[PDB]
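Given next are the chains, with one letter for each unit.
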Amino acid sequence: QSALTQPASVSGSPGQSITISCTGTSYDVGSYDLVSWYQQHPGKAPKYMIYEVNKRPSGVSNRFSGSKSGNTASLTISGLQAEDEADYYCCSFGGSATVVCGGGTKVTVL
Amino acid sequence: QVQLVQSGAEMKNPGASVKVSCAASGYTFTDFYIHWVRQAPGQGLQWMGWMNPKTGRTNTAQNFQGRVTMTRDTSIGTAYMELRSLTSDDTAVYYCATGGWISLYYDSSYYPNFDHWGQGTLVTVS
Amino acid sequence: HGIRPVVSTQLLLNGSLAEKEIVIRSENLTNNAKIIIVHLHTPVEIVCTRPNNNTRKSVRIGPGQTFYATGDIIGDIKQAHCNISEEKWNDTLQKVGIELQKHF
Amino acid sequence: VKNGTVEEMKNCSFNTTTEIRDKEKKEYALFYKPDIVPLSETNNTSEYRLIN
Ligand SMILES: *[C@@H]1O[C@H](CO)[C@@H](O[C@@H]2O[C@H](CO)[C@@H](O[C@@H]3O[C@H](CO[C@H]4O[C@H](CO[C@H]5O[C@H](CO)[C@@H](O)[C@H](O)[C@@H]5O[C@H]5O[C@H](CO)[C@@H](O)[C@H](O)[C@@H]5O)[C@@H](O)[C@H](O[C@H]5O[C@H](CO)[C@@H](O)[C@H](O)[C@@H]5O[C@H]5O[C@H](CO)[C@@H](O)[C@H](O)[C@@H]5O)[C@@H]4O)[C@@H](O)[C@H](O[C@H]4O[C@H](CO)[C@@H](O)[C@H](O)[C@@H]4O[C@H]4O[C@H](CO)[C@@H](O)[C@H](O)[C@@H]4O[C@H]4O[C@H](CO)[C@@H](O)[C@H](O)[C@@H]4O)[C@@H]3O)[C@H](O)[C@H]2NC(C)=O)[C@H](O)[C@H]1NC(C)=O
Ligand SMILES: *[C@@H]1O[C@H](CO)[C@@H](O[C@@H]2O[C@H](CO)[C@@H](O[C@@H]3O[C@H](CO)[C@@H](O)[C@H](O[C@H]4O[C@H](CO)[C@@H](O)[C@H](O)[C@@H]4O)[C@@H]3O)[C@H](O)[C@H]2NC(C)=O)[C@H](O)[C@H]1NC(C)=O
Ligand SMILES: *[C@@H]1O[C@H](CO)[C@@H](O[C@@H]2O[C@H](CO)[C@@H](O)[C@H](O)[C@H]2NC(C)=O)[C@H](O)[C@H]1NC(C)=O
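Heads up: the protein sequence lines correspond to chains A, B, C and D, in order. Here our numbering is used: the first residue of the first sequence is 1154, the next is one more, and so on. Here our numbering is used: the first residue of the second sequence is 3, the next is one more, and so on. Here our numbering is used: the first residue of the third sequence is 6, the next is one more, and so on. Here our numbering is used: the first residue of the fourth sequence is -12, the next is one more, and so on.
The set of hints was computed from the structure by calculation and includes no laboratory data. There's no promise every hint is true.
[To be verified] Here are some of the chain A residues that sit facing chain B, going by a computed Cβ distance under 7 Å:
hint	residue
1	1160
2	1180
3	1187
4	1198
5	1213
6	1215
7	1217
8	1231
9	1239
10	1242
11	1244
12	1254
13	1257
[Claimed, not checked] Label-pair distances were calculated between CB atoms; the ranges are:
hint	chain 1	residue 1	chain 2	residue 2	range
14	A	1249	C	26	25 to 35 Å
15	C	60	B	33	50 to 60 Å
16	D	25	B	84	34 to 44 Å
17	B	14	D	24	46 to 56 Å
18	D	25	B	57	24 to 34 Å
19	D	27	C	60	49 to 59 Å
20	C	89	D	23	23 to 33 Å
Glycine included, each C-beta is placed from N, C-alpha and C at the ideal position.
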């Protein structure tokens, strides 16, 4: 009803770069800088990867990056490995003092 | 160092109400917002609400506004969240996470900066 | 020249600047009951804000005229405040000190 | 405001005459406390007044 939109699955071989899109509306994602990206392995909590479109927390190198243009944002993985197969979730500011998260994207390594 | 401890798994009948707990450590439970999120089995994340643990102000999504209640005890540093009128949709894994920085000068409530996460509680409705 | 009709007490906002030095004006500095107008050569930038996200609600009072009031506060409650740079304000107060010390 | 009080604003409710002058409706508004003065010395602490 109100969740964000993401592609279902993106796949790629090791050594390549993988782009995941996150598309909402003008009031939610196109209004502020507040976009975050989380990575989840099965059987555990999601792991903090990207906050505020392109900034990075501790423990994350330049393997992961982000961008935003208009009503959409994007995660980029450079130098893909076998450990990067996961689910990836996009959360953002959701309008009228709310945050909203969409259905995630399954990354499978070839 | 900073880690969030939740309660055990619960199973209830439909029409009841559940209380998920969340114990804080390291950051003394104040000075950070606390966000409650939900994940159905095999589905994506769903955000349910936030709590300002310093002053008790809580907010939640437009779908959940009649059914969720967030309270806290600051002496031991623990958060409680009640969900009312349980249905077969509501069986899910429930996560407690930190948020923005309480600052008294700018609204840091809607910042989706979930630093540390709990282990999640499975709430089963049958 | 274009005079800004700025309504403000205890400070003067968005006014004209003196050309080369801070100018201190009074009718007579001996009398205590005269407001001493200090005119700064360089301005100090002040930024003011109300952070809480108010809304506007219209109440129809009588025939065809409305009264606009505050509804809900959509978000969290924060403090309305002004900010002045500390180093520049301390420097400005020291300079107002030296051209006050010209008369004392 | 959402399960917590504000220290500056009161949630004042009052009976407005509508555009139909024999009929009235109840309305509410959030007023700043410098705009609001308690009404009198009577035995009701929940009844207030505009500062005008
Ligand atoms: C007007 O005016 C006013 C004034 O007056 C204003 O207000 C303001 O505003 C602003 C805005 O911006 C603000 O700012 C903010 O802030 C915040 C806070 O900060 C603070 O705090 C912190 C923390 O602390 C802690 O820790 C530490 C360590 O570190 C310690 O030491 C302490 O103690 C603490 O502890 C804790 O715990 C305890 C217990 O034990 C308790 O008790 C307590 O309480 C606590 O809680 C800190 O840190 C800081 O500091 C910093 O800074 C400073 C300055 O600069 C310096 O000096 C220092 O040193 C530091 O540094 C940093 O950095 C570095 C680099 O290298 C490093 O190394 C270190 O470590 C540090 O870190 C303070 O104190 C803050 O936080 C913020 O930031 C944030 O946010 C943003 C947005 O939101 C973003 O963007 C960024 O990035 C950030 O983020 C981050 O964080 C968060 C949280 O908060 C998260 O969530 C995220 O995620 C991130 O994280 C991540 O990442 C990182 C990196 O990146 C890492 O590290 C981590 O780990 C992770 O991973 C901001 O900045 C302020 O505050 C205010 N103020 C008041 C007073 O409030 C207003 O605004 C005006 N207005 C107008 C209109 O203008
Ligand atoms: C600070 O408060 C302001 C309000 O004073 C707030 O701005 C409002 O945000 C909401 C979004 O949550 C806007 O509502 C939208 O309005 C457009 C009008 O064209 C509609 O198309 C939208 O409908 C969609 O979303 C609905 C859910 O809200 C769905 O039910 C619907 O089917 C559509 O999917 C939506 O209603 C509203 O217009 C603004 N108001 C203004 C004046 O901008 C702002 O977000 C608050 N700030 C913060 C930081 O929270
Ligand atoms: C804020 O606090 C109130 C009062 O505790 C909560 O509302 C009621 O909570 C009690 C038990 O805590 C229940 O008996 C009622 O059924 C609740 N009523 C309603 C209308 O919710 C409320 O849930 C709290 N949170 C918010 C966001 O208002």
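Index of numbered hints that the structure contradicts, given in increasing order: 1, 2, 5, 6, 7, 8, 9, 14, 15 and 19
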